[PDB]
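Let's start with one chain on its own, the form deposited without the partner chain, as structure tokens.
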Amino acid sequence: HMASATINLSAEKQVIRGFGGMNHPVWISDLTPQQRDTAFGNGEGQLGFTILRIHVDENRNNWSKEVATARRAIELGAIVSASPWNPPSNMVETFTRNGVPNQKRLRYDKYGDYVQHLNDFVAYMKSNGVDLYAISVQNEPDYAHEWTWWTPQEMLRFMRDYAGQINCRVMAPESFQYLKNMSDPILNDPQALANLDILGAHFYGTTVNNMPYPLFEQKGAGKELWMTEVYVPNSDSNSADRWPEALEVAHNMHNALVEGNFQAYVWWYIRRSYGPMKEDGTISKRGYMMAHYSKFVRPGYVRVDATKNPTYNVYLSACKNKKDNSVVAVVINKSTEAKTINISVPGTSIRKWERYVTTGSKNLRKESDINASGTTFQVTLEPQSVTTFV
């Protein structure tokens, strides 16, 4: 009977779209068959991912390499989003930016040709059994040292005057740090906004105080909100099993969900030595952090209002399955001390929670059931742990 938390099943927040990661079979090896199942299956020892991100290659001859993985992801119940880094080079020109020469942008007179390039990728994937959920205007247009820059006004012009011709949901702007100057002109222009379907954002260096977005809450009715790329807290070689470091992954997810009202959370490369899947095809500690959300908070579940930080170092989120009004709670205890929370879930008729727990020395270990007293579930959290209650 230490701290208390209330989950309010009647205060619905964002509908969850899902969780996943990038495949990029031109820059790195494709996922193998085994790895596609491990990522997108939701069996024991699988990550339960329901979102695959891919890239739109500037060279249409590479497009075929995306197919086997994307098909396999959709077959396993995932949706697919695609992002471009560069237009084909005959559509690009160089310019000087902040004193740095030879930077790339899309030519003003090729915006129409670009729309066609994107549409061709959409058409080609569709012919190969991959109906993209969405396609993006540009990956990180505001951090394009090594790819194609778009100023806020260049993105706005594309969104306002060209993007309605795209034969798919349109995602934008994919700021590297969710910088609101990239997206505010879209929300503030009614035709740009009408052509937007998915506001996408990456989280590199994004502090929790920059996760709320008042202008999107006010103007974004009917648009989805996705965190389409991050790794945290670093991409250090062989860092994926580091502990307690990996708790940072759970906490970022938490914050995306609860401070950012994000509908999706998408890692960078699924398979990588700092990623949710290690190079041997097994799940890392970072991976298990994602799995606490991805295996149990399924698409279509709806986040509900819940005491987010009941005591120091403890973070709670809750999502409702609207079919039976069952709840999934993901509780992170970064403390070196054990914590006991009285979780009040008024009006629920559920009376038993199962729980799975990851620490430095175990992964999703199923532990003893929680039996409610009335509508209150008393839970104990091990030091430096994450627990999903289902």
Contents of the next structure:
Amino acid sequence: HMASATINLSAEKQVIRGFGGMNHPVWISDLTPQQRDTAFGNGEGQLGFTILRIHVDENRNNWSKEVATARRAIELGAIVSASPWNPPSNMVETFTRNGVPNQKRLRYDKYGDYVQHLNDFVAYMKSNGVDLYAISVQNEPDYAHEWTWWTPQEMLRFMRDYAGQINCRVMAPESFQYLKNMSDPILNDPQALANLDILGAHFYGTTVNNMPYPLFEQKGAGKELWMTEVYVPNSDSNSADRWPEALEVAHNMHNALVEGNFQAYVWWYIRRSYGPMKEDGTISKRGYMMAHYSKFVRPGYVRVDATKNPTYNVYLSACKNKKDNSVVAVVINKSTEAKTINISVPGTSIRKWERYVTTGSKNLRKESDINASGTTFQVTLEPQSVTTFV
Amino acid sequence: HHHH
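To test you: the structure above is the form deposited without the partner chain. What is the structure of the form deposited with the partner chain bound?
Next comes the full complex, and the chain you just saw is listed first.
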């Protein structure tokens, strides 16, 4: 039997900003020179990442450790965003939170000093050849057992009365789970919303039903939407090549893009035993899942409407290159059976797709071209696979 | 749940 899907090139959705991951040379080892190239180049055997995330150290004597990786990322065409975990210690005080004592927050009398600390980091990185794309108010203000807590109202006061002085695009609030209570106050206050440039969110435990954001569709004109940190489905030691488990990475990216309208998807540590690049410097199954998007859906491409679930266990997304109206379709098949789909692309002059396939036994393998019959491309997806058509 |  034969399933169907339609890609509508005239129904444009979000512009793609890019894909990438975290570097943190204070908590773990920096990327090496060769690993910087594997991450940020887009040749064969490279990931094609176009976003680097870094941390803003509370101790300025550590800032120089960021520079070499961030410079090489930019030279290879990536953008850089930075997130703080704590303010300098002289700006912090303690409080008791839900009966747990000794918890950290920014002193209310130090909000202006904290603006200056962020600006000092921006200017230091600029002096060193790293013009940051954006800087965040706080990493996970709502999951801060091990760092600095901010309530929705503390975040709001900072966004409204201080964030306009930051000499960079401002990212907020980076909830651990995209909890809307952290961001609704910013969207609902005209001055706080003016001082926002990127709505940042993490995805830990975020379900599909919680990926849409009606208030952001209503009030978010001119603001970018980025998923700035996750790992999925777990951080188990030495898990990065497990199959078919790695398919959950692809699915979570599909869901960010299509269910959440996200413009960016950013992993936690780039190099790690559960990450996209293994400790031996080679790409993991989880990394190939990312690569099906990152190598092909380049910054400035625009997502378009496409049948998202054409048959059980099959998931489709499509993005268009506005330079020539060509399309990139990424199709996941979680079934133990092969699936054949007629994909209609009305109004296209394109008549041939190339395809790259990942299964448990091959990585980004170039398979036989698809020749269209008129504007319909009939494709067959191997069981337990991801295919990118270009 | 995470980073723990």
